[PDB]
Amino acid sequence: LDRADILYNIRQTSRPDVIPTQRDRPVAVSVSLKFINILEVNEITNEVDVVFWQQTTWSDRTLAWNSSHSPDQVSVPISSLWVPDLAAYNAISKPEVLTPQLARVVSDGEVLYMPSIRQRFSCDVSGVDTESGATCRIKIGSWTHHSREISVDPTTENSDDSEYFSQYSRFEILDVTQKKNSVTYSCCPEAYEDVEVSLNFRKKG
């Protein structure tokens, strides 16, 4: 198979508006934020303006192809694929995507989408000028699917907190933590899952 053939098969097989649940098990989405920059902090409005890479992955086995004598991956426009309907529950601006809107599809059906995103959040910004610093919490989950349809887990990773953080930023990263929540109601046997990302940062100086 060549790259054109792979892209053709992916288009025929991917239904961008249909979650690729396989035998009604949930699609396992993994997500992790890598912070690149913290741009503006606002004492008055309690807003922080942040740039981050959103490492997002999931599997759609129906996309798979045999990769002996064929490329093992391709890059595919996201409009040709189902992507999870992730949202930051407490974002106060729309996410500005800075990068080409392409995902990487592996021959086994794994999908890797890592947009660079610029977005404002609500933050307690008083302690930004203190030793302990301020903390921004970003809560990310599926906007419309519960836990029987999408599961959301923090990727477990090594790389330093500030590994890709601009050294020319006015702020420094003290700590990033990424933990999972399940909100569950007496209504339903299913839960709503999110990843809570905590960004502990302060001004240098």
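The term rigid core refers to the most C-alpha atoms you can superpose between the two forms while keeping them within 1.5 Å. Residue numbers count along the first chain shown, from 1. Compared with the form deposited in another entry:
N181 is not among the residues whose C-alpha shifts by 2 Å or more between the two forms once the rigid core is aligned; its shift stays under 2 Å. After superposition on the rigid core, the Cα atom of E196 is displaced by less than 2 Å between the two forms.
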Second form
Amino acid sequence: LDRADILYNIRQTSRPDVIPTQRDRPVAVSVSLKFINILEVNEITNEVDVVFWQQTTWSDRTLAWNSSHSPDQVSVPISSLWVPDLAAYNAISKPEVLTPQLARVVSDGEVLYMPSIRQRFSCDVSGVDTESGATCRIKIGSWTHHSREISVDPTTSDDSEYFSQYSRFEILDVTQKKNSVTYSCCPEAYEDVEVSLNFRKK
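Target state, the form deposited in another entry; input state, the form deposited in one PDB entry:
The next block holds one chain only.
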């Protein structure tokens, strides 16, 4: 197979509306934010403007091909793929996607989508101008898929290594935990990754 054949096959048999669950197990989605910049912090309103690479990985076996005299990977427009419906619960602006909207698909059906996003958050900015700094928590999970359909897990120094040396701010620490929440309305559990960004004015 050449690139042209693989991309034709993916475009023609692309079910972008269909979550690729295997045998009623959840799709395991990995999410890791790599922080690039902190722009416009406001300690009065508790709002921050962040630029991050949102490293997103999952398996879609319907994309797989035999790699034996073929590329191992191709670049695919995300309009031709199912992508997880991730939202940041404490975002107060739409994600501004700064990069071309292409994912990498590996011959085994692994997808890597890593957009550069600028987005504004409501989070704790208190202490930003002190030595111990502020801790801004960003929560990301599926908007519509519960834990039996999508599971989200952090993956793990690249979370801070590629931060802009020209920001007014610096990163002290980044920690990630998984949360699984059931609300009173609804019997299902929703997973999110909580990313704690500890940063301060340089």
